[PDB]
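One chain follows as structure tokens, the form deposited without the named molecule.
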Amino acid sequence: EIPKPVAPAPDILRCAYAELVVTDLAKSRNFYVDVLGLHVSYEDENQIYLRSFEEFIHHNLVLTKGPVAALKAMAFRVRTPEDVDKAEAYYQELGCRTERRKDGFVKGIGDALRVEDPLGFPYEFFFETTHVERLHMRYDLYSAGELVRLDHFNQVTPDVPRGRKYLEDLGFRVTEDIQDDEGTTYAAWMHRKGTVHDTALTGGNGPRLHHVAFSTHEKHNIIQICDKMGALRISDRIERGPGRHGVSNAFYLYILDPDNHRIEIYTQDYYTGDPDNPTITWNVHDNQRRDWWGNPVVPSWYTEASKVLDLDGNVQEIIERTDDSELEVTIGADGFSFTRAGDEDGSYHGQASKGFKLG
């Protein structure tokens, strides 16, 4: 169990950007810029810095050339410069590796702290950042599949209740989670900015990065990404969706970048900013919890996630989940899912919904 420090937590505003290592920068550029239409704040031959349509801070995504594709840093912005110091004291009290760089780790970011957190994740906290031209009314640039904000991260970790307590001490508020009747937690969502989440925990072998998610304005914008990938004949890179989420109620799509880093596109979740925001728990066997329409969850969605790096640039060793597997208990050979609680009609035994089994 991760202890609550005496030191006060930093005041986290929101997820702000992710730094991903990619193996072929030009190919990653094609994906994020030519396919997805993200905007370039800066680039050279080792790094592409990218922002969403509505962003005013320097970037939401840094692509860094490197030998092994992995998450290099998930960054959260904090309220004040003093919160970066608060974050340092907090994590040092946790006994975690910290690195402070007064002019930051990537361009466009100032004084920054990176930590190897209790769950083995490279987190960054910073306040100082270079303001750029906010493109929110730049409809001359607006794509039919326009990504407008960065919404959240999703982390794979073996012991969700352990991680959850830690993120709660750190100030994140749990909004929705998935459990069963035997006390196992499979996933939790938690926020700071007043949307359904800024980060989430998905149970599995970790530390691994499940995905980074971007918002669009409307549902048809997500459809268009799909239609565009069809025209470019890269529909094999649509992993799962599009659909309506049960948890979070967002319209959604999951796609895979050239290094298999998973990107979610997401719109129209709900407001969570009140402190007594009602929490929602779904049962793991509820076939509407992930896809509200009952469409089957793709097995790669449960098994695949990106490596994460430590502060030396080396891959974190993965620890295996010993809690029950969401995959096994829902769509595996001994799995079960229902459409209506207690109704055999519209239930699935030992297979996925809509007539499929695992390949």
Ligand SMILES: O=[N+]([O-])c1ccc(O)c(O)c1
Contents of the next structure:
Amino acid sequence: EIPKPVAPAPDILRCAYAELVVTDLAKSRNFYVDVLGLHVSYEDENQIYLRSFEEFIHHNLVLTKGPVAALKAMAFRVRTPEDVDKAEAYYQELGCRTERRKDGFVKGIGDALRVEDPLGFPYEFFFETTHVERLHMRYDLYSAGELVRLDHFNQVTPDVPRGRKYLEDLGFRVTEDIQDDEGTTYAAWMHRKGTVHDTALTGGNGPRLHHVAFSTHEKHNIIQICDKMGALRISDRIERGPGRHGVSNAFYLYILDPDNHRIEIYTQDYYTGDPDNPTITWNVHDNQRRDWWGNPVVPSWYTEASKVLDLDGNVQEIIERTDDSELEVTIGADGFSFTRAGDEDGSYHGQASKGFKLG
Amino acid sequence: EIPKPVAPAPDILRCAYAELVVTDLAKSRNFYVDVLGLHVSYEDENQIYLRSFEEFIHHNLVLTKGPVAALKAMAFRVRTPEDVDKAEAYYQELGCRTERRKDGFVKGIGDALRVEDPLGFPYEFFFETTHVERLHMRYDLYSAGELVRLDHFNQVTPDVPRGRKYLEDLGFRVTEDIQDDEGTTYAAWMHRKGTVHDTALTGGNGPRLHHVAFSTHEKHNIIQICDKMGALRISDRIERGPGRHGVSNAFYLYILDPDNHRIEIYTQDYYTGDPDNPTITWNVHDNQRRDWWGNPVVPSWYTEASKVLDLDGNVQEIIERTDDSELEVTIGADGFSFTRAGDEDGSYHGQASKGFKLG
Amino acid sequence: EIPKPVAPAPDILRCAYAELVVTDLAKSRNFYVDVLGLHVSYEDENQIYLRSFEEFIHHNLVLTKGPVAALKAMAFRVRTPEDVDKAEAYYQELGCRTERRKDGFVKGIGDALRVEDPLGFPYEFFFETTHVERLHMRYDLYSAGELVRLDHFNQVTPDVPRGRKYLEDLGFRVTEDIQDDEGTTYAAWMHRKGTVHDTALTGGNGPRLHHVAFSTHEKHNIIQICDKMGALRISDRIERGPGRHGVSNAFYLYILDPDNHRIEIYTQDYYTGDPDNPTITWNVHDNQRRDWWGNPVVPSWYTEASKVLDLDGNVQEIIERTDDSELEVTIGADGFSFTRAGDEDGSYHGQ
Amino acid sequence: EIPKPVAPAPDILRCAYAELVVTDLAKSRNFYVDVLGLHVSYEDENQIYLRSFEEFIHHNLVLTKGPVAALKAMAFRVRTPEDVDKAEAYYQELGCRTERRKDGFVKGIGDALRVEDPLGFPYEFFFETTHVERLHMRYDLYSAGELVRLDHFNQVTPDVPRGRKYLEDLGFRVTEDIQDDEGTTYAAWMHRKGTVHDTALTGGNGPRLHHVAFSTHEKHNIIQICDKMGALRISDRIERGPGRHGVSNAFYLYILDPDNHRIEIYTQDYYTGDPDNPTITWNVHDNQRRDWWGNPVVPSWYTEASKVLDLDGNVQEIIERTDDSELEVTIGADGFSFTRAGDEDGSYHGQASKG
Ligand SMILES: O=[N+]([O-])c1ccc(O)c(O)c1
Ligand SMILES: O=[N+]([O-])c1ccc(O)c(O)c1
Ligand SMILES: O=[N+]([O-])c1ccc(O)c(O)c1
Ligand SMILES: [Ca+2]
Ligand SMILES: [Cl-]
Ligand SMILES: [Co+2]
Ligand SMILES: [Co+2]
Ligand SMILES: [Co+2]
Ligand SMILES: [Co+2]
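Please give the other form, namely the form solved in complex with the named molecule, since only the form deposited without the named molecule has been shown so far.
Okay, now the whole complex, with that chain kicking things off.
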């Protein structure tokens, strides 16, 4: 029911940056710069512009001081200047609100288009950006937990197939998904850049931003972030992990910033650039689908997510999911999951894996 | 309570091997050889003799077929032939039942003394052992999850201070422990070889064997064990982890063998060989003491452990712990844990960390 | 001076496989399967088809028994079936010899075009391929040295600018190169898939195949290959490395198969998918350009490379490079390199 | 030739610290703290006291400003205060010069004995030391190249068998050595703490200090040290490696400090604490003995080493080795090495491996 426009989709390269509204800029800076080691491209009393170790565009993360913590924009780089025009025509044909600024919404971005998309998310499309020193060989700066790239976003939306169809028309290709035997979709992952995803849809009340993910080189870099958070006595901000994902096969960690924005650290997924890249569908009851080692998924992972803003900076109203809840069908009192399909040994009924119930 | 003998203690080098009784030898072989990659020194219809990658003594693990799965012996190597005589005299003075076999209890061990120690555990002391090819540079054999050394044992016993004093008199030095502000010791770690430990006491009903631990070279090796267990669809046999320990600072994983004997994989603890090595005491309510990252300790970790045998091969009767339960005081109904001492934020009252409760 | 065809270029996805002729198939199998741990997709008495851990197409490497060890085909996957037609029209316009087999040249590949390209290299273009089990989560099979993807080829050719322009016309984008102040190009790296390269041109006598490269997940996997080669007492087959590259920033190792085909093991280069990806030019005298740690490049790495075959299976005649030699200008008797530009300390002259 | 004293040997725990005389304290600080990330226990205008990540004794390295760069002391910790007395009586009986100071020679060490040992090296034995914060869990400080422990020293000495017998009587156990088929010993490694070594003897003109070695947790930490040195454009201070050793099986790297004092970064050797630990002897012509991957050993690694000082602070005179030279027999003009014993293929005649 989101129609395919007659207008051609913009050619999207990759996820490029997020703008997050934060309430205390100094506390946020401590987290992203001092704890996580991201590199400052620009900062003032109002905003902090941050990039990963291997980035050459101006930034991967913009922290903007504001009254209500929320996602303000998730930005995708398009292939040419003309693709911004294509994005504008595309979303206008969808009847979405758009705003076009020839000199950008944030520093280091040129001609850019922001839109309130059909799922209620603030997307940005841009080509022009200020190139900065690519720090990829600055091993004099390299931290034991170095974040090397922006990898993806993850969005919470009530109707996954509706959103997926819309993203496929935009050019994103589905790589993996989670479904049940009676036709409910719980989550889908989709890419432009040849990794498992650039964005992903997680079934839930929405629009909300589930997380932004950065990559490391190696698994030990993710271990170090955990170790460093323990040393800083902020282990309570480690939400979930570390682990190996089923979907994507990446090694992962989820942590929470000072405003509870969720950040994933992620490494070593696989190549998806071929157009007949085999899709993988997982059963929602498979306890190795999210954590391959069977570790239980914390309920906050399923329930909590950041607000998103519309183009005036007001919070988007949330619409409730009516399809089945992943939490409820897997780890709730009526849930279940299995280690081996069909085997009662290693299956969990009315609780999570490993001997825990919901707190 | 356990008196210091007048007889000199044996000079103990290190933990050397454990003999575990298993119910199905083939299934147990599949676990230790095919899944974990231990190296077969000898086997027959009744026993499998296994060693780690860097070992030169005959074995680190003996699997013995029997009717009831149990620990049959935890074995420590002593410095000289004469230390076996010292051991016999020492335990005889302690009023303990002992058995001496000039040609060993298991193949590849010579003159050996087994004892029913004052905590009810079957200890063996030996010097003589058949040397085998040390595989430390056999990289043609090296597995992605290679177990390189035997590291320690961990024993469940109801009265930790009683056992701790006895082990200190035997020459083990306590490196770390867990206590509360009311005089209760929950656990202690003690060594001879200059690592955090060779054995350890965990407060609980006993005597029972909590685990046997093997080490890997690096953290990624432990990750690979998890990943392989996922691939073999036996993730339900991963009990707890992987993680970073608070006590010991080691990276760790706990898995369960076919008879539910617990095995820990462990790496990168610190040097303790100096006689005034600083002893570290953690508070039992510190939520970073067991898992540095704050991840909850599954209840089975506190409640489940292996039976131990007496010298006749009969199961030792279990004596109930009357001191406070670590489980109860941290994750139980009236339990409490903190992330930062004296901060309510990041504390847990009557449940586990990260959003979980006891199943 | 290779003219751009008016015919549209095929849309190339990536490097996909190489077909190497080997003289002793069993010896070759020992190296690629037992030492290196590649996964068998098919074998018989004449060929072995091998793939890396994360591959879903039929193979990344075909070993074919033949009388003379050589590269028989370096194969690139194209985006659609129609791109094979585009490739045929493109190379035909270039005046190249071509051969189309609607049922493929090797097993597991369908409609395929092979060509003797303008640099004398046997290129293949195909879309159709038999999908196989993607082993990316088969950690029960995973080796301590596991090879997880095919990453790139490297080609020895006498005139780098000439080849570079030809590959740019084909849609490859240069990511890094090596030049001097006099204006000589010694090497160039170029990509389609968004890594530092899918192929690369090394200045030298050619056409010859310098190496085929596979990636690992982590640096320790490369270390393990070395360690295993020591344990197998074949450390003499370790040619160069392990190291960190300057160009590409990748951790690397070069080893030699039983017919002296050079295999690179490679990991952790960077993303190049943006069309304005900044191009990095290194000076040929910078001693950190090839090995970032300043370790010397053994002369064999510059002088040795594999023969390539024409479409009849005969060895391609070789053309001598007339441009300056990177070996000669860096480690030859009149060569030099520096650690810090302009500093005699940490410089090497004739050495 | 060096007699075994009647007096009991001291019970030596491990190598504990080295005192290095350096010429420019600021440059040495930049290397050891800024490049390598060692932790400052104490510093003033004359000395920098440094320790590794997991250490609790006051320091593993003392950098002392002086006119001539050299080893001033290689220190071993002993098990009890009474073992310093035992050390003293032992070295007096050996006829060695000794000097004992109840309040130590450097800050952070108490009662200490220093000796000019029978091979001409300045050994210190102590028990008493000031405990400091053990940083083993301070992951807020942890560097990508973090040095976690002091592992060993390596000493250059002309007659290895002579030295080996002496260290053995002192309680060190030989774990590995290098010999040839003609009765010559080229190197030996020996331990107290249950690793491959606490010190080692390399055949060569001496006494000289070959290197001091620090451990990392993992192989990637050593790789990061190389990468950082490249980024700082000081790759010319990487001498050798990184590699896998044959002897010891450890992953390694050799780098040079501003006074050319050689530092090794080392990780993942094996447990040697059993008294019948099997000794491993390598042939000197085995090209996998030093670098398991057969990478060539640069001649500077065999020829260059640091001066050592006597108890008065003067440089020890160097005695020339007359036994065969490892450099000459493996990579010199008449040198030879093999990959596979008895196989001509993969052997090197009169030159180093790998072209
Ligand atoms: O398996 N899932 O839990 C996944 C897989 C990949 C992701 O990036 C993620 O956020 C969740
Ligand atoms: O730095 N060069 O020596 C390089 C860089 C990347 C490569 O894949 C290579 O084969 C050589
Ligand atoms: O094998 N050798 O070259 C070795 C082995 C261990 C060492 O610590 C060393 O400095 C050299
Ligand atoms: Ca209390
Ligand atoms: Cl624990
Ligand atoms: Co994600
Ligand atoms: Co343990
Ligand atoms: Co290459
Ligand atoms: Co050394």
